[PDB]
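Quick heads-up: it's one chain on its own, the form deposited without this ligand, in structure tokens.
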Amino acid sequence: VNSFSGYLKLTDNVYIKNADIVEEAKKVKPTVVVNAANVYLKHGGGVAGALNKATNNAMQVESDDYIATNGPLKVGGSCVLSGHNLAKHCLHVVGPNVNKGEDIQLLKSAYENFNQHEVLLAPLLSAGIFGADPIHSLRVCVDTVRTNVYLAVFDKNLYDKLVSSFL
């Protein structure tokens, strides 16, 4: 259905809302939800942990089998698995972990994966424990993505910072 409510347009194809991505997914039932994954699809903290926990670990069991069969992802890469109760599909995208010396230029490759899907609900990539500046992350998203992305940012203080840096 993709019934997003209450978003602000930052550009013709990029929208933002002050919301929890899990709560949004449950209420919007999007075609694609994006996960901020690592290369072994171990969903231990941050957004990955929260999305997995909302599937009652169905996402981790499916991920372990994917890795066993196909091997790990590369930084900047992605795979499409089941969305379980959150969406039709989950796009697991690996942004660079700046804290661990992964190259920030790969954030652009990470966001390019979004262009394979017409509508996505997504978090900001490489924010949080991955260590990237979230405003920088949004800037790359807006420069790189050409499809329709609905971004959910939970922290109100961060949300207000982003909105005023863009508008």
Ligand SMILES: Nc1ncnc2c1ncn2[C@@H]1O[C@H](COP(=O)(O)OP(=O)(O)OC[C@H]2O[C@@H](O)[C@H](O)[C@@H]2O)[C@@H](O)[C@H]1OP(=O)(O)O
Given for the second form:
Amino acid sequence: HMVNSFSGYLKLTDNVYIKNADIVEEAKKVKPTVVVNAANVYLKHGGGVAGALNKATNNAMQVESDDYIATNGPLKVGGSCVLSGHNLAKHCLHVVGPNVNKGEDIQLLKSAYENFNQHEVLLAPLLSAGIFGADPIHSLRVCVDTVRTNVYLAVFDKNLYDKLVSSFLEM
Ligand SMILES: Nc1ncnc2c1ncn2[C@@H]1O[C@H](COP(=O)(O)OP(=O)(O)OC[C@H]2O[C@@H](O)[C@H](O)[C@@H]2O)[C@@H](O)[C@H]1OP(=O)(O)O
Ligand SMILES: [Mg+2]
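Now show me the form solved in complex with this ligand, since the one above was the form deposited without this ligand.
What follows is the entire complex, opening with the chain shown before.
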């Protein structure tokens, strides 16, 4: 036992790894330097990954997020900010993917993944792929084509994990 030690990930490419896991359980076990949040521009951590991370910090992430946004104003779609990882990680990189359910520009998903290249190693979810309504296969593709640093993707759903791995390791 040490820190940033990932286990049970499938190596997709030289720098992209994928596991069927809860990003919160992975954060707790690994204590990564950086865990990524699938955030909105307001850092209102209502559901999905954001709700699960915030709940595991006993709401400390939401209190910090409320203070940050009241001070700085909202993020841009495709942007990020580095805040505390609380009890889960050294840092949390809050990254805003486009909300395609509200017609936001899918091109901003590439801008969102570009934020990952500022960090050597990240534990991350598939951006925009849940509540934000992007195709998860497309989100994995943009991740693989954009991110050059080491990214460990945690995919909660068993069936989604199997679909992502089979489509990737065919195409
Ligand atoms: N605990 C978890 N660990 C790992 N992955 C997780 C976990 N919970 C959900 N996911 C997955 O992450 C992906 C991203 O889903 P969301 O967390 O909904 O992020 P997205 O970028 O789609 O939506 C962001 C919005 O979701 C709101 O919660 C947040 O405050 C913001 O407004 C989906 O494939 C989502 O899968 P699903 O569609 O919820 O089954
Ligand atoms: Mg699901």
